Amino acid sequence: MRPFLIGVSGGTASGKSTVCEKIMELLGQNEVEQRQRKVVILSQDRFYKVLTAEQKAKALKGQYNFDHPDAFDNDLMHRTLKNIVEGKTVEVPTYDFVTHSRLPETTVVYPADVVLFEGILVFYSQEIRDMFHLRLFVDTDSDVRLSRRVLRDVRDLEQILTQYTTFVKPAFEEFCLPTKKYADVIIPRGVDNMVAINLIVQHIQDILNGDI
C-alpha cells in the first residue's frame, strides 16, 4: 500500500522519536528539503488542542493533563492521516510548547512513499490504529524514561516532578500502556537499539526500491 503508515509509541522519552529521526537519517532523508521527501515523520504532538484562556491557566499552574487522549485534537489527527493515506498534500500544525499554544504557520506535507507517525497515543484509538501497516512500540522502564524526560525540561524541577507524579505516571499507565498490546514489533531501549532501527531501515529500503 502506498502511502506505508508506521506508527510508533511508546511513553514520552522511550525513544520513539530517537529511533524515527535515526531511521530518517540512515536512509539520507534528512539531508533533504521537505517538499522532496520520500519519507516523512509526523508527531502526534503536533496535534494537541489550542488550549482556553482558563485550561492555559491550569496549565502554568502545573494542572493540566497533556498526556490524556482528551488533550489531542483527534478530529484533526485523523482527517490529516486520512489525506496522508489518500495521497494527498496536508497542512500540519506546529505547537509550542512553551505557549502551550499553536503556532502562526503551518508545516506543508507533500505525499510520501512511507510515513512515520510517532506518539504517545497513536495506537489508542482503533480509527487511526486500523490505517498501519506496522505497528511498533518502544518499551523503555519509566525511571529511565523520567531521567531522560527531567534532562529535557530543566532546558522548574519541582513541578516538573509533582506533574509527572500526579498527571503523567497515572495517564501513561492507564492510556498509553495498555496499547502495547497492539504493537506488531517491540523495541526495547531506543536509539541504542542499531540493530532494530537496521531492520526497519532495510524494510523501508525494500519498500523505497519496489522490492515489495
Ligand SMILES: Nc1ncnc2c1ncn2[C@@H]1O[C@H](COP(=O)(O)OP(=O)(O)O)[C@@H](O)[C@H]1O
Second form
4 protein chains.
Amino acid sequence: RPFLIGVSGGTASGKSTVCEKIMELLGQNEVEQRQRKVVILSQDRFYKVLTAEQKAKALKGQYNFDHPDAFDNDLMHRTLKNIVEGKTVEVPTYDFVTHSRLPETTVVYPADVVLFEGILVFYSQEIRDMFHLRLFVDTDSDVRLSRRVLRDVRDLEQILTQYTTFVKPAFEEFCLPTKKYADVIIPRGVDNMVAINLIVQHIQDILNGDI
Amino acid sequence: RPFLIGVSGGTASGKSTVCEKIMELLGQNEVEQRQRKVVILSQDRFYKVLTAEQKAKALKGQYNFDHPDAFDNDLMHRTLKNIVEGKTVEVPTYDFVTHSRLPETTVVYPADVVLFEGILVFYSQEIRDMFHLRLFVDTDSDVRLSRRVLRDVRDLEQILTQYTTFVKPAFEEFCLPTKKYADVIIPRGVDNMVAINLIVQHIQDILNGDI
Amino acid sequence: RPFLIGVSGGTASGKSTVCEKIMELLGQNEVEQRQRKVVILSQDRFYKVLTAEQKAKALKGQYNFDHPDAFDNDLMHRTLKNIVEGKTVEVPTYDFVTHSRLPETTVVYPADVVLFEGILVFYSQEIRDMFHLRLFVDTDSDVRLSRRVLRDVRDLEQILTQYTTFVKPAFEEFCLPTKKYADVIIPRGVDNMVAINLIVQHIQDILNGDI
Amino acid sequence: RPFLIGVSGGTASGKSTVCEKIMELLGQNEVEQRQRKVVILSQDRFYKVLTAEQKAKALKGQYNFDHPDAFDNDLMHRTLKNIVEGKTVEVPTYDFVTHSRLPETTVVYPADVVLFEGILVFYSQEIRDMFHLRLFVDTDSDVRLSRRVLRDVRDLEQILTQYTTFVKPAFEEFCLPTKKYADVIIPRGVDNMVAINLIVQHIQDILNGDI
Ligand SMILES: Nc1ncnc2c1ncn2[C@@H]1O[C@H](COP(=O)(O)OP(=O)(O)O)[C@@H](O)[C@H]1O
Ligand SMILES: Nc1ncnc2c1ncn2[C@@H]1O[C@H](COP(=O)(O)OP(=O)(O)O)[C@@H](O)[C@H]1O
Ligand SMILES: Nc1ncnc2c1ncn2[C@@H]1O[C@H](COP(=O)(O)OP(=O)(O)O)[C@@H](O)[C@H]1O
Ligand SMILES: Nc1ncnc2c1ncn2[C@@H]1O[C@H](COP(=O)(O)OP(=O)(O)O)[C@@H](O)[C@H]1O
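Take the protein just shown as the form solved without the ligand and give its structure as the form deposited with the ligand bound.
Now the complete complex, all chains and molecules, led by this one.
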C-alpha cells in the first residue's frame, strides 16, 4: 500500500485512454480528486521548464521532447518516492502551448492504487523497481503516428518533420527497448476490453482487500 | 462456467511450463485428475494418426507437424465443445516416438477453469471465440530454438534441418499471425512470475466465486 | 534483352523517386519516350476501371486499392510479356481524381532496361520470374505514412482512417511478405546514393555491352 | 584505390561464405596470397589476446566475444588505415581453441579490392567511413543459431547457454543497430547468387578499370 502500476508504451499507443477507461470502470471518475482511491499520474506533467534558448528551438520545431533529459527526473523520482511513502504530493501542470508549467499545482492525496503512465516511465532502474506491476501498451508506430497527427490539428509539416528527425529515433533508442521490462503487454489499447477488465478486476481485488 | 483460458505461442515459448506453474501455484498438482477444478489440455494431444506414407516421411524428417492440417481439428473442436457444455471427455495421448495415439485414453472431468495450450489454438475462428481469455507467450525464435534443441537430445542434424525447412515457415505463416488475437501477451514465460501471479489471482477469483 | 529490374516496397517507400533518380543519372530524362533505352513502368497504371458500386465505395473511403484484386493483373502480365518479347506496347493512365483510365494511352517502345515499380509487383509467381533483378525499397511504415500524408494534401481524416482499416492490413498481408523474394534490399530510398549508383553502374554495364 | 567493401551481419549470417563465393567467382582462389588483387580480411583475426583471468572465464563459458571491447580495435583501425594507404600489412591469426594469437602472422600485400567481413565492422564511426560500399547480410537469428550450432560440433549445453546469456544481447545491442549503416542489404547469403553476381560484376568493373 499504495500499489503502483506503471504503464508505458509509445506516444498515442493508448496509455492515457486505457488508464481513463480503468478509472471509468472503477467508477473513480464520479469522485473528486481529494476523495479518490485510484489515481492516474502522467510523466508528461514532469517536463522540464525550457530555457530561452530551448524554447527558441521548440518554436522552430527543433527540440526533442522524447529524450530522457527532456524530463525533470529528479522531481519525478521524488514525487513517486513520497507517493510510495503514503504522502500528499503537489504535482505540476505543463502547457505545450507555452512550453512551461502553469502557476497553479495539482494536489494528489494518498491512493490505494496509482496508475503511472509515461513514454519513459521504465527507463530508469530506480523508478522501474518501484512498480508492483508493469504494463506496456503495444501499438504499431504507423497506427500511433496516425492517432498523433489527427490528435494534433489544434500544422502538418512541422508535426511530421519533427516526428521523423526527433521522435522516431528517440522512441526507438530510449522507449522501445524498455518494453523488455514489461510484465504484461497489452496489444491495441482501449479496444482490448478483456485486458482492461483483467486489470480492473485485479485493482478491485486490491481495493476489496482480497489481495 | 467452465472458464476457458487459451494459451498460444511458439514451440518451446513456455506455454507448457507456464501452465504447469499455474497449476502448481493453485495447488492443483496435489490432486488426482478426477478431483481437479483447474486442468491443462494440450493441443498436441490432438495430432492426427499418420498413415503409412506419412509415417514414412516422418521418419525421413520430411513431415510437417506445425501445419494446421497436422492436427485432428474435428476431434479437438468436438472435445472443447463438450468440455464447454460441462461434460466428462476422453482425450487421446500421442507418442512422438511412434507417431500415433496410445491404446489408452485420458478422462477429463468437468473443471471450473480450463487452460488450453497449443501452437495453433487461435488459428480457427470457431475455436478462438470459445475462450474467455486469450494469452500469448512471446519468446523470440532463437531463444525457442535453443530450448527445443537442448530439450530434444533424447540427432542434431535432423532436428535442425527439419526446423529450417518445415518449422520456421509454418510458425511464421500460421502461428505468429494469430498473436494479433491475444488479449494479454506474456513475454518470456516461467520467469514472468508477476504475469503468472496475475493470472493465478484471476483464476483464484473465479474459483472463490468473486467473479 | 530487354533486362527487367523489378522494384517493389511499400507505398511512399521510395520506389518512384528512386527510379526517377536512376533515369536522371543515366540521362534518360533528357530524351523523349520514343527515343529512350531505359524506361520506368508503374504497376499503378494497371488499376482496374471501377464499377458504379465500386466507385461509390471509393468516394465513401470504403474501397481497397492495396489488394491484389484491385489491379488488372491480366493486362499487366500481358503487357510485360510483350515488352519481354521486344514489342511496342500501349499502357493506360489511371486518374485517382476520377478512379478510371484516361481516354489517351502511352506508347512504350522497346527498351534495353525496364524498371518496373509497384507495391505488388512480386506477388504473382508468373510475374516474379520475368525479372532479372529484384529490388525492394525498405522504408519503415511510420516514415512511409508521413510521406504519404504530406504528399496527399491536394482531407486528413479520410486518408488516415482509410490507411488503418484498409492499407495497413493489405500491406502486411500481401506486400510485406513478398520482400522475401527481393534479391537486393535498398534501405531508405533516394538518400541511398551508394545503392543507386551501384544499380546505375550495373545498368550502364548492360547498355555499354559489358554484360 | 584500394576499394574497400565492408560486409557485416550476424555470426553465421553468411558473411564468410559469401566473401568466399565472390573470391571463387572472381577466380582469386586460384592465386597465392602475394599475387591476389581481391583479398578478404576478417575482423575475427583482431580479437584481443585474453588475460589469465579472462581466459579463465572463457573456459567456464563466461566471457563475451561479441562485445566491441572483445576486439583489438586499435590494431584493426591501424591495419585498415595502412591497407588504405596501399601498404603491405601483417595480420594476426586467432585460435579459439586456445583463445590467443598464433606465433606466425599473415602478410597481406596491396589489393585493388578489399572485402572486410565482421560482426561489428560498422560499429565505429572512424572505421565505417573508410568503406566505399557497405553490405549487410541479413539472416534471421533462429536460422543463424542453427548454422552456428551445427558448425560447432568440433558441447551443446555450453554453446546454447553462452548464446542466450551473452551472444543474443550483444548482437541486439551492438551489431543489429549498425544495419542502418548498410548501403545494400543482402538477404539470405550464399543462396543469393543474383546479389553476389551483382557485387562480382561491380568488382570486375573496378578491376577492368571501367570505374
Ligand atoms: N483503440 C484506441 N486505443 C487508444 N487510443 C485510441 C484508440 N482509437 C483512437 N485512439 C486515439 O489515439 C490517441 C491515443 O493517445 P493517448 O492514449 O491519449 O496518449 P498516449 O498513448 O500517449 O498515452 C488518442 O487521441 C485517442 O483518442
Ligand atoms: N523461462 C522459461 N520459460 C519457459 N520454458 C523454459 C524457460 N527456461 C527454460 N525453459 C525450457 O524451454 C522449454 C519450453 O517448452 P515448453 O514450455 O515445455 O513447451 P511449449 O513452449 O511448446 O509449450 C522447456 O524444455 C523448458 O524447460
Ligand atoms: N529519401 C526519400 N526517398 C524517397 N522518397 C522521399 C524521400 N524523402 C521524401 N520523400 C517523399 O516520399 C514520397 C515517396 O513516394 P514515391 O517514392 O514517389 O512513391 P512510392 O514509394 O510509392 O513508389 C514522395 O512524396 C517523396 O517526395
Ligand atoms: N545459404 C547459406 N549462406 C551462408 N551460410 C550457410 C548457408 N547455408 C549453410 N550455411 C552455413 O552457415 C554458416 C555461416 O557462417 P559463415 O558465413 O561462415 O560465418 P559468418 O556468417 O559469421 O561470416 C557456415 O557454417 C555455412 O556453411
